[PDB]
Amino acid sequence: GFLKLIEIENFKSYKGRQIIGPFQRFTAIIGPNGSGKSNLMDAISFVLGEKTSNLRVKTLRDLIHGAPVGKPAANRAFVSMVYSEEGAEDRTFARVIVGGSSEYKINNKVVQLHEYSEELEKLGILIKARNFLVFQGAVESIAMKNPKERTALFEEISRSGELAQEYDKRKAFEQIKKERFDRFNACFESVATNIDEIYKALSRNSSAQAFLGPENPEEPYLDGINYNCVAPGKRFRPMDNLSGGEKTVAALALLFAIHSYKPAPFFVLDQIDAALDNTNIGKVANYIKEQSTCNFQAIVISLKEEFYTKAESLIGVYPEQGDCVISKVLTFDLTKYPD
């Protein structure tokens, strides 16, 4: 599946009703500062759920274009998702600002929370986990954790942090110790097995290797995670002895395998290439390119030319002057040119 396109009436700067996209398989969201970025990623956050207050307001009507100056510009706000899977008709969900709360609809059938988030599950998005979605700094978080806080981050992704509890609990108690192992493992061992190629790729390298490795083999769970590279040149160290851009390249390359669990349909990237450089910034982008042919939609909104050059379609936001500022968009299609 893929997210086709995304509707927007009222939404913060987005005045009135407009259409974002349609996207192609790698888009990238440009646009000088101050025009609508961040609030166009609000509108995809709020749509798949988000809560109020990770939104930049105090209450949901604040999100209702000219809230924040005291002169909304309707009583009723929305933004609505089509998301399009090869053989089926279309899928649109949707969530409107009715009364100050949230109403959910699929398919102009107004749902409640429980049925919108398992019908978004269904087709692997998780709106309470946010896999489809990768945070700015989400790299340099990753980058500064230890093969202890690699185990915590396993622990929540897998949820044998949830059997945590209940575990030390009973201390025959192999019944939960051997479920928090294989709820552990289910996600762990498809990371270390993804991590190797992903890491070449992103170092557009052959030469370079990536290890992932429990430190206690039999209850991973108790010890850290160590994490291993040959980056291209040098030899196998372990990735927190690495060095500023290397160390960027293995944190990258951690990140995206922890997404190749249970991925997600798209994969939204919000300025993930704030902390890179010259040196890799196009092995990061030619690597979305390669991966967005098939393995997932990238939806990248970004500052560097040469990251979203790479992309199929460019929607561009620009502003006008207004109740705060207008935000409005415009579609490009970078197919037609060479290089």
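Positions refer to the first chain, counted from 1. What changes on going to the form deposited in another entry:
- Hinge residue for the rigid-body motion between the two forms, chosen from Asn131, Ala201, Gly282, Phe236: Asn131.
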Second form
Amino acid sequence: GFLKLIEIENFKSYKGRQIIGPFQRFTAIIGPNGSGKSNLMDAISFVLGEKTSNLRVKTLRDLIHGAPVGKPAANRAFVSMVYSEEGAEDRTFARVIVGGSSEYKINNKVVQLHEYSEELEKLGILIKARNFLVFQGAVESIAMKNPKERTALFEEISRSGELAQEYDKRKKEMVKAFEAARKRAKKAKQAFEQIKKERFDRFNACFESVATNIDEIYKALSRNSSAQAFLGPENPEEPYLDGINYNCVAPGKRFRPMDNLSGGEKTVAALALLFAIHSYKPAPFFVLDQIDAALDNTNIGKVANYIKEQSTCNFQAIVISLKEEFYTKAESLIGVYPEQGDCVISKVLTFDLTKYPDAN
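Can I get the form deposited in another entry as well, since the one above is the form deposited in one PDB entry?
So it's only the chain below, everything else dropped.
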């Protein structure tokens, strides 16, 4: 279903208790730069259980409003989300900072992080994969990635890499490897091939799904049926050694690798690769931090319209945006504004866009 609303108290730049939203299918967070737009994405992934290490602070208490000044506003900070689902009633997830401890609740039923997670895990939300978010600059980091970097990118998300060095130690065990030696060399083959498959499968459980969707996604982003994307490995036997080539045909253009496309074309394929990644094990809502910073005048409307369409079909779209061309296709705006204080103080406004007509 969808993230219905967000409630926060004293989280990062957001002082006091505020309601954020309620959210619709396509909602855009806007505001002046540096006022705490990203911090709102932190609050979401905080309440979905993110490790303190991945929320841009050193210690958990630093998440509490005012810690950057040495003046934390309280001993107690929290974020909660109301998840709405068709046929079910609303459930409430909340995460609370109490001194140095995190405390988690579901409809006030206190739980441990484990039970908190597996309940979010069955809604389609993987705090390990971070399937529900896209960090500022992700697109252009993708767009610059070479085939071996692309393989690496698949390896970490698929958890392929965890077994990658116990693979290296048993391949090292086999290169070095009178009949009592033939039988131990037989244990080498078994011990290696067992790891060759473990890693092979982890990689392919993930990569093969992305590869069949990327083309239909590249078509929809282009808004042109003459577009084609291709994702395949340089080592179909052992994909996690070589690279992942990425071939595209841009509309009214010739077939060629993604790297040789023009900047405007590179980013579109990079979005296609991105959405195809999140096409693997997809989240009910999708959170994009300033995806539109990479975009230029031509294709800004094309992805705004692709997201506008996916919001009523495939997932709730919660998008931080800095370009009026993108965020004016939203159903609603959450405008962030700053008050004056020792540190920055964020507060939100809510604007309905459906009350007004599209532009000429």
